[PDB]
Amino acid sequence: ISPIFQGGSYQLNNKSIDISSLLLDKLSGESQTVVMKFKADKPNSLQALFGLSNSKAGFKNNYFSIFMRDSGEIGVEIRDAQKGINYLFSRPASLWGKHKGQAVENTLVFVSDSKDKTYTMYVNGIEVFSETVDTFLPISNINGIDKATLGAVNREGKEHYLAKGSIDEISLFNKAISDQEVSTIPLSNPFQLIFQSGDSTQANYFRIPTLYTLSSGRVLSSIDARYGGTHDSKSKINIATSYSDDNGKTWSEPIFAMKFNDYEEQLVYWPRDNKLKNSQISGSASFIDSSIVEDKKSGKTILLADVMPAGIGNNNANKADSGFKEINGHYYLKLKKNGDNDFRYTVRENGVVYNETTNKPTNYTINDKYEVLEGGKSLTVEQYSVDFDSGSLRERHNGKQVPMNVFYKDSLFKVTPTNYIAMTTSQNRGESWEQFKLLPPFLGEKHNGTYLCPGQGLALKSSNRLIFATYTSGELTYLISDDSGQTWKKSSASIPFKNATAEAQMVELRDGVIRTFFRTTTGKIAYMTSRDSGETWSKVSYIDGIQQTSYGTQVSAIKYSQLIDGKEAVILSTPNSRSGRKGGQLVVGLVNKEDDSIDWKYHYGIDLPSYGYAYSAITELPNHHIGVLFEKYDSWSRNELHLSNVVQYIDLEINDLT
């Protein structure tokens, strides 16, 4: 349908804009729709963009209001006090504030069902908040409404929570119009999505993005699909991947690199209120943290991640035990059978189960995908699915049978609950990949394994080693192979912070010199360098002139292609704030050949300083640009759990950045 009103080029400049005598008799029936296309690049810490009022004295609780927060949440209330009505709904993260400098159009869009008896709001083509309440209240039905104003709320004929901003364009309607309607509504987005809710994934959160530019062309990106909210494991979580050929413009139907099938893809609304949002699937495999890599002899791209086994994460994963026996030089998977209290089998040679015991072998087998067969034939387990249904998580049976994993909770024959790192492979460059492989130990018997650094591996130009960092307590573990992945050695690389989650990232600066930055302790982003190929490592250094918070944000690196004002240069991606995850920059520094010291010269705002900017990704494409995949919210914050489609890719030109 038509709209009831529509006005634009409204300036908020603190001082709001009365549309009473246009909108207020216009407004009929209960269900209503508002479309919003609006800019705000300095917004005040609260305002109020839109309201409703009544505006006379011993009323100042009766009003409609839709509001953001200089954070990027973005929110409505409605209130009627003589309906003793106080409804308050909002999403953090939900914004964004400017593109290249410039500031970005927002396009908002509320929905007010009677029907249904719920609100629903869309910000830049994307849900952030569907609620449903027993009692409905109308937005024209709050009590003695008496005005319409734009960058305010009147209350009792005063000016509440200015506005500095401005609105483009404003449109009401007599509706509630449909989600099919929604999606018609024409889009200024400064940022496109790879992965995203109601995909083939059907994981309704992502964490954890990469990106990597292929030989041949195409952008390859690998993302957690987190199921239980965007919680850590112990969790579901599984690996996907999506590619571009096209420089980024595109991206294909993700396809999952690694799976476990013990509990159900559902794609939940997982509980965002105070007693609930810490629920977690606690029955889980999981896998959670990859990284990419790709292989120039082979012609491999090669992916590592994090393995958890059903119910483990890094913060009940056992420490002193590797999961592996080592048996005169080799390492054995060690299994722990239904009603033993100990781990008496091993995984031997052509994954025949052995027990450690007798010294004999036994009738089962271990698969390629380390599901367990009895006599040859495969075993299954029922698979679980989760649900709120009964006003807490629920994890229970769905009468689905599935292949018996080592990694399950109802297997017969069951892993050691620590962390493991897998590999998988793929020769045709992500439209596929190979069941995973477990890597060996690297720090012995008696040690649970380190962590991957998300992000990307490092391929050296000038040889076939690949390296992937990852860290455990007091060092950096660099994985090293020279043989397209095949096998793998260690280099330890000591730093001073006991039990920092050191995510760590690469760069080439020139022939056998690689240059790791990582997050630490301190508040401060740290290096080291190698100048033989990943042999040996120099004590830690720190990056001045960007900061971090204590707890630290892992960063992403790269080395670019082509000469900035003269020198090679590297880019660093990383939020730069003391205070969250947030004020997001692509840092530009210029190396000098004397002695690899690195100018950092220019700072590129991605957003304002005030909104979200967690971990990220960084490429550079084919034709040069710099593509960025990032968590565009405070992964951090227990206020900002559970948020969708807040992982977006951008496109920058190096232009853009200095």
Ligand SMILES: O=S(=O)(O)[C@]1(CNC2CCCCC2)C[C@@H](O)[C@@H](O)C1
Contents of the next structure:
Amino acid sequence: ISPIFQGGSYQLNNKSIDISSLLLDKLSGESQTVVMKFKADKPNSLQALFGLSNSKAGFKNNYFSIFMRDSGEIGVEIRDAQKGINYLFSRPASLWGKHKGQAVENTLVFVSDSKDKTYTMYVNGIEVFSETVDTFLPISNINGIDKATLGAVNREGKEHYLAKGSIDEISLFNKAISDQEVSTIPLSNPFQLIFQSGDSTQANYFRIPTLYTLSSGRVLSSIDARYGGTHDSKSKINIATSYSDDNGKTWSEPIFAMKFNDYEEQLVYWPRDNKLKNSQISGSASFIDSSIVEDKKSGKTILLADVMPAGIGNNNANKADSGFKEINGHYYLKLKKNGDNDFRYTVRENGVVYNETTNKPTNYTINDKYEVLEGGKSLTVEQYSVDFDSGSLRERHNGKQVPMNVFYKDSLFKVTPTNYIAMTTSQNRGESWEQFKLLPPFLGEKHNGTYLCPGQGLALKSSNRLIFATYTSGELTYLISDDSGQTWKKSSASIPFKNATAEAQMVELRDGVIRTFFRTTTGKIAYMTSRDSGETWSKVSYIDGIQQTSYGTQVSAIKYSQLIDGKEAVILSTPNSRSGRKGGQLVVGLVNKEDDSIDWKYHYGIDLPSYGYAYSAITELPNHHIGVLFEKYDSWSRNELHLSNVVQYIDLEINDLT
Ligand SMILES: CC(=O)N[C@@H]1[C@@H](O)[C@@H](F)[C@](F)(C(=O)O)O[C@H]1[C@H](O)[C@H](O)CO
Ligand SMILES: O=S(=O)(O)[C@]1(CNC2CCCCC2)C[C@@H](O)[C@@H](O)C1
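Now show me the form deposited with the named molecule bound; what you just gave was the form deposited without the named molecule.
Below: every chain and molecule of the assembly, starting with the one above.
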């Protein structure tokens, strides 16, 4: 259909533009679509881009508006006092502000559908809300509407929500256009999606991105595919991967690197209201926080992640049990059988389930997928699905049988309810992943697993050594393998904070010299240095010049392959803010060869200081551009839970950063 109105290049400079004469007599019927291309790189705290209002005294609550906040939130109001209707729909973190120094042209599509009684908002090709109501209010059937406005809402003759920005294009249609038609509207996005709602993972949410550039030039990414909203474990979460063979321009359909089947892979719209938003999947096993490295020796790609048994997360994991029994300098996974009060079993060589009370083997074995076999035959359990049909979260059996896994709630044999680390490998650079194996405990029988630092592991230039940073109370625990991940040893490095989420990432400054940058509880990013390929570690220092919150955020870090200003360069990615996870920056540091000190010389702002930026992944692409995959929202904020399609990917050149 044709638009009933189309206009453009409106500058909103804290003074509204009246388009009543052009628009109001064109509005007809009860369904409308608004399409708007706009920029706002310096928005006011709360501002309206478009308004339709009754501007008369006594009718201040009769208006429709499309509004935004300087947090990046988008929303609408639809109000009529005579009808007794006051709708407010919005979603945080829906907008872009600036990219590479330039204001971003956001593409907004709002559909008001009287027949389905549904209001739907898309921004930049992403559906940010879709709300169905019992009593529908058509946006141009509000009582006594007499003003159509850009850059404010006229209430009782005064300009409310004055906007700073520009509306380069605005069209309106007397029709609710289909999702199909919506997808044909050209976009001007500065980003792309790798993982997204509706893809092969069927997770509606994603967090904890990684990126790693392989020797073939293929670029690999991993992520938490989070099913039960954006919550950390306990939940249902799988690890998914995708790769690009063309310097990040296009990405493969995701596959799983690590997955559990005890719960169905459901795409669910997790509730965001204050009563239900903390609803949390409570009986599923999960994986969380992945990290990738490539091994020179075998050519294999290696991926580690934390593993949580059914209903377990960092909050309730048994801190005083590794889940393994030491028997002769060897560690065996402990198991509890249905009905026993203690763990009277172990998994020994070739997966034989052994009875500890009698040191007899049983007729049970554990296969390579940690599935239970009796006499060589597969045992099964019934799968669960989740729903909010009753008005609160329910988890119930769905009729489907899946292989019985020792990490499952319904298993005959169950592992210790604590956290573990697993590894899987790929022989084809991420086209398929092997079945995962658990790493051994590194801090003794009576200490829970360390926590893997998400991002990249480190492959040293001059050897086959592989290192993965992990953290626990009071230290960083580096996991080191010299044999393609077949065996591991730890190298502990004390840090002066207890209870820190000390997520750490490493760069090799020069041969055998490793600097680790890590999250702390001090509001500053810290670092330590090894000069013997991770064997021993220095005291902890801090970076001034970058601020984090008291709780901190993951920091990603790479060593750039090319000189910058004639010097070796390190690039950090992190929010730069004392207040929240926002103000994303890449920070370029030049190395002083005299003492390996780093002078942080350039700060590139990824978007506005007030727009969200949390966990991130960076990697040097084979063409020497920088790829960044990041959480574009505040993943700490309890107001920004359960948002879809906020983990986004951008491509930057060094000239953009300097
Ligand atoms: C293993 C685990 O639970 N890792 C998660 C991350 O995946 C991330 F999600 C994050 F929460 C965060 O700071 O955002 O950190 C932790 C965690 O939930 C808590 O912060 C601390 O218990
Ligand atoms: O130097 S590596 O540790 O092998 C690595 C890749 N380097 C290439 C060198 C050539 C340009 C692309 C990046 C850096 C880490 O961030 C991982 O991406 C792997």
